[PDB]
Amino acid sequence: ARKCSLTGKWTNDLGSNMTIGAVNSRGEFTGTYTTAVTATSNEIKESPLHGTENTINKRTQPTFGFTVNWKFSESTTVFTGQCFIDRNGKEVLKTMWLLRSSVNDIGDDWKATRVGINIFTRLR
């Protein structure tokens, strides 16, 4: 019965925050992503996110992915991971991400993608 659900307010290991609304019945959802550019406490930015969670076998702990469309740069980041209910134990989203920068020349493509992780917990 214990459905790990993406809807709500989350924060992460770098101190960025994220809010995701209601997941409709085809798994779609939208959110906002707020990020720490600086000392962390002054300059904030909001960017939209859009994703889908997988509904195959109505899992507790489904996998999901979403795209963050940076409002302050020409970059795009995509996240994928899984909503786990560890013991008790908050909910926790374990994610991996790819950050695509824009390059002017296709000869620079090879260097345009960063990778990393994010762990998200419910915001308090």
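Numbering follows the first chain given and starts at 1. Take the two forms, find the largest set of C-alpha atoms that superpose within 1.5 Å, and that set is the rigid core. What changes on going to the form deposited in another entry:
Core-superposed comparison between the two forms: CA of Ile56 displaced by less than 2 Å.
Core-superposed comparison between the two forms: the C-alpha position of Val37 differs by no less than 2 Å.
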Second form
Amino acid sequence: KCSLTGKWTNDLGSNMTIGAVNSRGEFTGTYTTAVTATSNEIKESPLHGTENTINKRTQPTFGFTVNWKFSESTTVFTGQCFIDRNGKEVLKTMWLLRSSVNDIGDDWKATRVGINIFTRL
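Give me the form deposited in another entry now, not the form deposited in one PDB entry.
Excluded here are partners and other molecules; the one chain stands alone.
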């Protein structure tokens, strides 16, 4: 049983906390990013997502959206919860980071991509 509910930290030092997952797979959380110039104001942003219920799975796929505070951007993450090495949980994700452009001719360059591995904190 690989469960998203809990405290996680990514290979970049960002922390997220994901709350309860309901009957329909939905969850909510907060994301505290490690990626910005130091603000005395704590950079928290909400997140919302769903995990796949088809078949229970116990290593389900999932997705979620972060709507960044103090930024026009959105990141989406998707991945799967794995469980191994006497029970250590890992989320393997890939993401897209969408920036905002003000002219559709710059759309082509508005999207970044990479990976994040999240482990229990």
